[PDB]
Amino acid sequence: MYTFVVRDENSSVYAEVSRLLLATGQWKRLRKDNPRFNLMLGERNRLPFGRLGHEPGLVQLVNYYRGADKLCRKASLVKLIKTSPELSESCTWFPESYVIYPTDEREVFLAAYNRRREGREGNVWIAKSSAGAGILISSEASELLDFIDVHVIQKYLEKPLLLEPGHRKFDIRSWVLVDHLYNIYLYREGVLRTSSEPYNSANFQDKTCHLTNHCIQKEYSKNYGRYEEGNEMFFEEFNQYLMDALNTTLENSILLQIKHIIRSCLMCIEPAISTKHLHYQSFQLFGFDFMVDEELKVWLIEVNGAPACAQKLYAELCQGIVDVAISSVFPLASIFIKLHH
Amino acid sequence: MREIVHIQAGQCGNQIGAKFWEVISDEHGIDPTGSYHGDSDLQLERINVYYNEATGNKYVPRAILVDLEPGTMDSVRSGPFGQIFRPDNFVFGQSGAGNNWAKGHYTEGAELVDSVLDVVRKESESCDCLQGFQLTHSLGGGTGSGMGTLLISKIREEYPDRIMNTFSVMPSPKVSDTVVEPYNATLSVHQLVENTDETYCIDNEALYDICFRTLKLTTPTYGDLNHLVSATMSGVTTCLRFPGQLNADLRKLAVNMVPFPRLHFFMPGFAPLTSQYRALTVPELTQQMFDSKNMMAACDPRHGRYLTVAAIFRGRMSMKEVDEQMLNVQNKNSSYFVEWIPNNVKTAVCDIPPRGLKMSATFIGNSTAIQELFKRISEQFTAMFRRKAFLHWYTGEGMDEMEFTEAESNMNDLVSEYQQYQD
Amino acid sequence: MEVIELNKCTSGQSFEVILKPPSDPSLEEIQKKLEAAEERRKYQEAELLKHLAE
Amino acid sequence: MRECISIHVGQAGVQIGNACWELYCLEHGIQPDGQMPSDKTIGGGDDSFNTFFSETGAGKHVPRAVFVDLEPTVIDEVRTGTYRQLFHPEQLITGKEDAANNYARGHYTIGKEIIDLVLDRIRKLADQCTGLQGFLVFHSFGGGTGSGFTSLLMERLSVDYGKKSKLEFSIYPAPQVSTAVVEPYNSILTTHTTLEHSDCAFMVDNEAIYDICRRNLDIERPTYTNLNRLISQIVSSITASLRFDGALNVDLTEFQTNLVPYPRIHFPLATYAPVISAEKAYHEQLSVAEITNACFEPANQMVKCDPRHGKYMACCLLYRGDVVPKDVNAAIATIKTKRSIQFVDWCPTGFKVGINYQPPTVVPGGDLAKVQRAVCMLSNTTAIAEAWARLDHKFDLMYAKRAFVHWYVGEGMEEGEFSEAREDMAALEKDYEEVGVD
Ligand SMILES: Nc1nc2c(ncn2[C@@H]2O[C@H](COP(=O)(O)OP(=O)(O)OP(=O)(O)O)[C@@H](O)[C@H]2O)c(=O)[nH]1
Ligand SMILES: Nc1ncnc2c1ncn2[C@@H]1O[C@H](COP(=O)(O)OP(=O)(O)CP(=O)(O)O)[C@@H](O)[C@H]1O
Ligand SMILES: Nc1nc2c(ncn2[C@@H]2O[C@H](COP(=O)(O)OP(=O)(O)O)[C@@H](O)[C@H]2O)c(=O)[nH]1
Ligand SMILES: [Ca+2]
Ligand SMILES: [Ca+2]
Ligand SMILES: [Ca+2]
Ligand SMILES: [Mg+2]
Ligand SMILES: [Mg+2]
Ligand SMILES: [Mg+2]
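Residue numbers (our numbering), protein chains in the order written: chain A, 1 to 341; chain R, 1 to 423; chain V, 1 to 54; chain H, 1 to 438.
A hint or two may mislead.
Said to hold, decoys possible - In silico SDA-like pairs for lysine to any residue, Cα to Cα no more than 25 Å straight-line:
| id | chain 1 | residue 1 | chain 2 | residue 2 |
| --- | --- | --- | --- | --- |
| 1 | H | 112 | R | 1 |
| 2 | R | 332 | A | 322 |
| 3 | A | 79 | H | 311 |
| 4 | A | 128 | A | 142 |
| 5 | H | 338 | A | 142 |
| 6 | A | 128 | H | 81 |
| 7 | R | 320 | R | 303 |
| 8 | A | 82 | V | 23 |
| 9 | R | 122 | V | 52 |
| 10 | H | 336 | V | 21 |
| 11 | A | 128 | A | 307 |
| 12 | H | 336 | A | 66 |
| 13 | V | 8 | H | 359 |
| 14 | H | 336 | V | 3 |
None of these hints come from the bench; they were simulated from the model.
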């Protein structure tokens, strides 16, 4: 008989994991502030890691990796990619980005902006922050900085891969689970969050065709759900399209770069967040978001530390969390691809 | 040399107290004549907590025997270990108390209390470091209940900075001598709420049920009931009579067990309770120890919450496995332990087991479910008081109905206080 | 790494390694608090004895 | 040569002190009768070991120590123990009834009655010092005497010896061996009234020592003897520089200079390695790099916490045994690349190293095996604040209901001191987060 607590009522993923644990007849849910728990489904902000692993006779496990915010924050991610030799400034799968405060990189961001100005190359950039829904897509630097007045500005992928029919944009969300042993498990089932509006490179003011967000597409797009239900195209349909349209597979053209990017990011911070010899153990579910350009190159946009799953996949994924992440530590009485390292 | 002064008052107090000294005297190797004939120095290392060392290397119990009738005390002086008591420590009258709290507290008892205090003073004056006092008595009678609480009040006045500890037998209609027992118990409980630091609530109803249901005794006698109390008293005082770190004296016990001054009424439990040569594993001791059927208060712990718990394991056993099982009980049923008192369960171990057992476990719980015991008494009290039934026995001794109304309100207050900490 | 302040003796040696450069109450007051606490005790005891006297 | 006086308060401090002074004698070659054959200057001298020992005309080396307990059972064992001949009766001070795990009882009620006697016995040893550095105070957090009487002693010592330094060796409460539910109360009360008066405190969490004993020594149910022997090893590593020839941490002032740039933040984290069970005949002797790498494993720290999620303000390495500077720097280079070591911007990223060639001494028959080389790391990291958070949380849980508060109020202590002490701990936690977080 195992015990667990719930400290994030707004967690759609672990609300299902909690329901599954109880349905096993071998897990007992306690009060949120009862310390004698085996498993903590902790909160997102100010989770007290310092109070974990001090209960004699209790193997305690938490569903978050302390220090993983370095990877799941706009400015943190940029700083971690530029200042880490394992990733280096020469990182070829991350868009050229800069951190600007309303340290600061105002003079560095403009240096590369003038070089592209004279070069006549695509000089469209995007500025975003970790408190967004609000973003600004402009080709003039003066408008980007006046808008910010912490933020980060990176090159806007001007030539993205466009699905047909539709001539539209999209992004790929990958769910990755890391257990207490730091095994990297990539969920087989991904989702393409597509824009139902044709990509118009002339005007960036109308962000319905540029932002593939599920909320922005259901509020500012008239063709929501026209091509696929909920602007969500799963891997089966996307794979067949790439075979019919480009004579290639999702595994070869895209999935190899995604698996590479996932390893590199999680392997980089491993020494800083691993709980191998720690008095408590950690696991965490991550949400990676990629962009695919017209040349079938994959780019990393950001990593979400508290991601939500797709409706159809909630059941399968949540059951997989219990199997490899929870039951592996507390045994009772594959849908993942193990990224070895 | 933290000495404890023992007092036993009334029929029940002296019959239970006599068995207690018979039990612990055997554990420490002392014979009925006061001579030591043991085989372990652990028996003597703290023998002075309860015994005085006399001439010729004789150990004399630091006990004072009090009663308003000579009957029961003549039985003790003629009992097995009757010769071991200090003759000067027998203080008794001739009239009795007629199961009347007023007689023991205001009339008959008042005439005799000064004599008892003179004996207590003599015992305390020769104490190197007096911890306090422990009183055995019932609350249903007249002497132990009425005079016992009078003694406690006068002892506190003369020794305000000493711990007051009592073993108090609560009345039950199942094992009842007279109908006025709820009256006497209600009046005594208020005295205990104010003037004791630790009170082990021993319910004659629980003792009977255990003897009948568990021990399989069809016609339980008081002797059978006193076997349970005798073994329980030895268990709860193990940490006081043998070398140890946890709850080794009365004050440190009180500091660990009493988070609020008035909520100092404990539920004691004992394990095993066999009807007998089988070995009992550490997991088995722990489960029985926490099972309500082994509780002496007749209160369901699952109806309340544990403020604090003191566990004592006796015998040669895996102290590692003891830690494991104890942590297992708390972690398995953490909902029954208040979360605003972290680590409120303390566990001690004593190598010397009780007579006739390879290993045992004594449970001491401060549970809010003890309110069930006080509610029970309060209902029985009110059933008669609403008709002023049997009051003339008390008004004839000078008492006024107001004192009953106040005792009634004091009791219900205590019940309310327990209820506020159960939510 | 920079090693500095190397001191050696028969029983050992010490040194420093730099990986990177950077980027009371008086006795009177105490006596008052100690005696102030003893006063609150005496007051609490006197009240108890007054209660017992009633 | 400047003398140091050790003060052992309460059961924990007395028993730990008894273990340390036993270890000191084995290290300095002092027999149980106080004789020191290797000492050629009879009846005096200003050697390094004289900072902890005085010398009688008869050649006995008497520890500059004082034992204080409000109950005699613990100090009585020292009066009849193996090293009973070292101490004279004036050094052992005992009462009748202890503080009953009640801070207010040790500080106000009972402490007030014995504070002048202890100070008088301390003045005796001080009068025998040509140049007193200060004091090393051993005590527990949870005990009524260790917490209550210690804070009253630290208050007065600042009055009588204002210019002297004071270091603590404090035992953090752990439920696996604790004896009182109110130990969080006593811990926070004593930390509040002792903070201004302590220049540097080494916290030892019984939980960490307990697990190290079970994990690395194979002790199923460790005892105070097991814990104290391991603790005295750590203490010996920290005080060795005061007792032996050397140039690092040679006086008490240097401890504060090398480890405490921020006065309130004066709780360095101690890590020790290796801890090897003597119950195994052969064990691969660890190297300088291996034991140095172990200094960054939480499993070896005196307080379980994660220094990765904090910042360093200073870090010392105290080596004992076969260690040459070349190997230390080679081990630091490797560790610096693999480990996550972050210093505060206003502090240099470096390590003060100290090496004593005499390898660690183990009590004959104990549980710790002899090793060719050992290290104790003293790192002032903000991560140690995790221990304050744990303590403060339990305090908040009980104090919200005023549980057990009546025991303290009944001894003359006012309820306001509880919240006052808690607000002080709240400020302390805020200081740590400012320094070590962004
Ligand atoms: N490491 C270690 N901890 C100890 C030792 N003795 C007691 N403790 C711890 O100290 C705390 C209790 O404080 P004590 O030192 O025993 O109490 P005290 O200082 O004698 O004060 P009193 O309440 O008057 O007895 C508990 O948390 C124990 O775990 C010891 O020998 N070694
Ligand atoms: N450098 C870039 N090039 C092209 N498109 C970009 C881009 N950066 C962001 N976008 C677009 O912006 C959208 C959302 O951006 P982003 O992921 O940074 O914000 P967000 O954190 O609010 C969404 P989520 O938290 O669900 O991942 C993406 O769907 C992507 O299409
Ligand atoms: N357990 C137990 N209870 C007793 C014994 N004798 C009396 N009682 C209980 O005590 C109450 C009567 O009090 P008693 O001690 O006889 O009156 P007293 O002599 O005036 O103090 C009743 O509730 C009885 O059930 C006994 O030997 N054992
Ligand atoms: Ca008369
Ligand atoms: Ca000399
Ligand atoms: Ca000072
Ligand atoms: Mg986001
Ligand atoms: Mg009777
Ligand atoms: Mg003590």
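(request) With a cut-off of 25 Å on the C-alpha distance, tell me whether residue 336(H) and residue 66(A) pass. (result) Holds, at about 21 Å.
(request) Quickly compare the C-alpha distance for residue 79(A) and residue 311(H) to 25 Å and report which way the hint goes. (result) OK: residue 79(A) and residue 311(H) at ~18 Å, within 25 Å.
(message) Need the status of pair residue 82(A), residue 23(V): alpha-carbon distance at most 25 Å?
(response) Roughly 19 Å separates the two Cα atoms, so the pair holds.
(message) For residue 128(A) and residue 307(A), compute the direct alpha-carbon distance and say whether it is at most 25 Å.
(response) holds, 18 Å
(message) For residue 332(R) and residue 322(A), compute the direct alpha-carbon distance and say whether it is at most 25 Å.
(response) At roughly 21 Å apart (the allowed maximum being 25 Å), residue 322(A) and residue 332(R) satisfy the hint.
(request) Sort out whether residue 52(V) lies within 25 Å of residue 122(R), counting only the CA atoms. (result) holds, 22 Å
(request) Decide if the proposed pair is consistent with the structure: residue 336(H) and residue 21(V), CA atoms, cutoff 25 Å inclusive. (result) Holds, because 15 Å separates the two Cα atoms, which is no more than 25 Å.
(request) Mind checking the alpha carbons of residue 128(A) and residue 142(A) for me, to see if they're no more than 25 Å apart? (result) holds, 15 Å
(message) Tell me if the straight-line CA distance from residue 128(A) to residue 81(H) falls inside 25 Å.
(response) Violated. Residue 128(A) to residue 81(H) sits at ~72 Å, over the 25 Å cutoff.
(message) Next pair to validate is residue 338(H) with residue 142(A); report whether the Cα-Cα distance is within 25 Å.
(response) violated, 42 Å
(request) Verify the proposed pairing of residue 8(V) with residue 359(H), using a straight-line Cα cut of 25 Å. (result) holds, 17 Å
(message) For residue 320(R) and residue 303(R), compute the direct alpha-carbon distance and say whether it is at most 25 Å.
(response) violated, 31 Å
When the structure is compared with the earlier hints, violations turn up for hints 5, 6, 7 and for no others.
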